[PDB]
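Below you'll find only one chain, the form deposited in one PDB entry, shown as structure tokens.
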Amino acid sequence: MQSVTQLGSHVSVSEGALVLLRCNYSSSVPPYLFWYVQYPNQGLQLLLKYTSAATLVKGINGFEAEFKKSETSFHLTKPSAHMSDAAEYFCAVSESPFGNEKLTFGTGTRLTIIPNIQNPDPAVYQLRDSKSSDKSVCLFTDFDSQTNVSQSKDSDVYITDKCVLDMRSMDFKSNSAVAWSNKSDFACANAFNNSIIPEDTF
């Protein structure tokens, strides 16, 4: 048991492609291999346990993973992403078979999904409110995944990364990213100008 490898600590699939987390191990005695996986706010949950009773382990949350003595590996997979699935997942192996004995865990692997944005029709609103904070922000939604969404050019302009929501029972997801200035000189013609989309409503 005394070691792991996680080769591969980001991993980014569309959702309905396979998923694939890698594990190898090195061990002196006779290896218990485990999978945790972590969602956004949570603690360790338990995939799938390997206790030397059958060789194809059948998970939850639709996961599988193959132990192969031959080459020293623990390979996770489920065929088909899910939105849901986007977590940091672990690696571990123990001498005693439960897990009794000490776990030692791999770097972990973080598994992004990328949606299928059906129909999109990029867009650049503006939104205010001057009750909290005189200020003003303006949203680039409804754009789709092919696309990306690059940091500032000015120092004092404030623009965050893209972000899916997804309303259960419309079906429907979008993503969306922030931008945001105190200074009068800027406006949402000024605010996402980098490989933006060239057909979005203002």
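Positions refer to the first chain, counted from 1. What we label the rigid core is the largest C-alpha set whose atoms superpose within 1.5 Å from one form to the other. What changes on going to the form deposited in another entry:
No residue in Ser84, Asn100, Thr112, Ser80 other than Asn100 shows a CA shift of 2 angstroms or more between the two forms after fitting the rigid core.
After superposing the rigid core, the C-alpha of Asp134 moves by 2 Å or more between the two forms.
With the form deposited in one PDB entry already on screen, would you show the form deposited in another entry?
Left out here are the partners and the other molecules; the chain alone remains.
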């Protein structure tokens, strides 16, 4: 258990595609390895671990890791990425099976999954609730993974990056970004700007 490194702090992959997260270690004693995942809200959760037995360790949520002594490696794979897998993953190493022994962790690998958008129809809509006030809100939505948003060039106009949602009972997914300003001179027909697709509806 001396050190651990995780080459690649960020991995994005399409839903359905192969997931692979590097972990490599140095140890002057026989190593005990672990993979942990950390989901948005929750604390560290053990995915799998290598004790001095099986070389190919099956973990939870369809994950697997091969311990390779020859290369000082313990890479985490799953052949088919799922949206639920988005998360940060951490390789760790110990000198003993004894819980006694301290874990030294890698730097972490952020996993991002890109949704396969079956039937895209990009639209920029407006929504002005009449409840409180300042209702000046523009939803860019139903667009395709390939498309990207750049944060606004004007200071009074707030824009959030794209976000993926899942309406599980219709097996339907959608990307959305949001735009807004208290500026009376602000309109949704031009709230968003960069690399916007010709067929966008209004």
